[PDB]
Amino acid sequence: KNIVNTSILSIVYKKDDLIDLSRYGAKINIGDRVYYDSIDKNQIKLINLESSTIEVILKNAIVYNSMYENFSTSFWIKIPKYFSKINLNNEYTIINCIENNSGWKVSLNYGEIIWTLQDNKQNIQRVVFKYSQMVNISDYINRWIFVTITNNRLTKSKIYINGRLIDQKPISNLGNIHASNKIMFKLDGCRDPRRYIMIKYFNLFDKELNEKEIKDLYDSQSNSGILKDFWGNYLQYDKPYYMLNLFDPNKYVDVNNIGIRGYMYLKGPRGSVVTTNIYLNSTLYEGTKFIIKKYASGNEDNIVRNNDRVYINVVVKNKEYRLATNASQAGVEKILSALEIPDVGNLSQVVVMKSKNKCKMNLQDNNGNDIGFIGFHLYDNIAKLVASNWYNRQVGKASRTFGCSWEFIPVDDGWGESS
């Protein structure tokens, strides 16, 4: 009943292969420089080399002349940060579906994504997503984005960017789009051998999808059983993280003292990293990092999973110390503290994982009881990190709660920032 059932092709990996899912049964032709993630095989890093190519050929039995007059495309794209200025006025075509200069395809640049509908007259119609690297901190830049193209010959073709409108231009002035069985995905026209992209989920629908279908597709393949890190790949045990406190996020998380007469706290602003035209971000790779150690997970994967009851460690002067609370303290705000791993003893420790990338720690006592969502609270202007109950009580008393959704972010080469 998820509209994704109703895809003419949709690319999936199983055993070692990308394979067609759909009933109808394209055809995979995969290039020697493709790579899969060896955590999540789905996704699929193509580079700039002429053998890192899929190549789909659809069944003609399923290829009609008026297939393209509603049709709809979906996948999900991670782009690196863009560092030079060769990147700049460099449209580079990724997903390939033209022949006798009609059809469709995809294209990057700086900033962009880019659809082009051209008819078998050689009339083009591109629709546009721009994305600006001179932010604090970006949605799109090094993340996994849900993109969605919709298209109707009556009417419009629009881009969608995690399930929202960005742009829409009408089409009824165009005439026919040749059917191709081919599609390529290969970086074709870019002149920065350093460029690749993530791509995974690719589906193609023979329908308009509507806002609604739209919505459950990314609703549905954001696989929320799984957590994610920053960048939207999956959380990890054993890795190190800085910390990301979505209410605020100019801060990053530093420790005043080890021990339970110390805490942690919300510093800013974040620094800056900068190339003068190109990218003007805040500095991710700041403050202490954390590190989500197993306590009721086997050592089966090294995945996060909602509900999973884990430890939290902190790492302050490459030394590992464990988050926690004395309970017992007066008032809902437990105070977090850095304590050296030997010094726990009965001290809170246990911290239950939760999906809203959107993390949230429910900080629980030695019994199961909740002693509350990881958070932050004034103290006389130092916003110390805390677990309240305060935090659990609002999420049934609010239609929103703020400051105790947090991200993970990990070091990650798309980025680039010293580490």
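The term rigid core refers to the most C-alpha atoms you can superpose between the two forms while keeping them within 1.5 Å. Positions refer to the first chain, counted from 1. What changes on going to the form deposited in another entry:
- In a core superposition between the two forms, the Cα of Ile62 is the only one among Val350, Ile62, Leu49, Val34 shifting by 2 Å or more.
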Contents of the next structure:
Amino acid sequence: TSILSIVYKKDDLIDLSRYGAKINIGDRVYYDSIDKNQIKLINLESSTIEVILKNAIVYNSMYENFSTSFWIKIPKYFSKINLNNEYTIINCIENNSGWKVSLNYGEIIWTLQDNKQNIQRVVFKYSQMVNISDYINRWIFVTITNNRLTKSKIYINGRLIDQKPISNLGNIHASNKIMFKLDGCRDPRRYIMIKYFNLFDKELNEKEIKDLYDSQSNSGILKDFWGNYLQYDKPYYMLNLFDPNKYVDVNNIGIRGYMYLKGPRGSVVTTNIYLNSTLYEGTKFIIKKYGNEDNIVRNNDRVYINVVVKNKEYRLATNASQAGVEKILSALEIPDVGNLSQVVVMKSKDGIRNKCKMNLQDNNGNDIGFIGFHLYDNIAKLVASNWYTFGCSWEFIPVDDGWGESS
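Mind sharing the form deposited in another entry? What's above is the form deposited in one PDB entry.
One chain, no partners, no other molecules: that is all that follows.
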């Protein structure tokens, strides 16, 4: 039922739908080199994507149901200038009728307007005053459904967030043009990233929404914290979802030492704007290829884990012959790893997005178990354990300008 479906192909954005919308791209639109479907719009007049729909499919009805889906990534709002500044990002208003998506500090907004200037708005609000956010500077799946007899609904990552009655709106006559552009944003530093914009000529149901989410999410490729492809040879700060206010540290190099979780994390703060845990804390992990893998970490890939201590790499490993169910993990000199267990199988696991698991194996093909932690009196030591289902879920956090913390 897709009447517009925008994808990157052959050095261009095209409509895959049978309606072949014309797409005009301004000279200040940018693409991620790792994934050209990830479009970046910045706060300049020529950072524009203009989609011209065929007359045939322009929305002009009291009764026709319709839906939109897209993924968005919204950098953290840093300053008072971002408060109280609703800005359009996707505009389909003509002569004060149609629809639009807009943003504000902590908000995604859907606006419907009929030809008598009755309006209805549905809103997703997310806080920047949280230790760890599912939303800030992370890919979010947005779905908005419109049943002209009942309600407008906004879904985030397949979950219903807000719904409002719209049966009081009359004829909505939207534009033949969809303008992707930051419109009315007073912060010249603002940008968004967007991908997989779709229009549908029905009210999508919860099952169709979940299937779209799961499909476009692509559980075959692991994700970093921000929702980008997880990569080999890229340093990552580590987050244990069960103990999110702790960071990984090393208690000495070698088999007689251990890795462990230490807390609390620091805070990054601008009064009244954000108050978050520091993400750039603790010993970084680097994922190493075990094989003929390409640059992206895929579900069930076999890897080594390198740990960075004072700008030197060591190997995550254990002696699985150590008595006990929990096998305490150490940072080994790479030349000394010998016969220690070190091969890891990376697994995707997609509530909170971007969860990864790591399954340790010995050199004889035996599972030692998922990597998590175990409390030994006051110290949360990293372990591999067949006991693993809480404490064995991890996120990998690279430095990102959309998060803005100091290195």
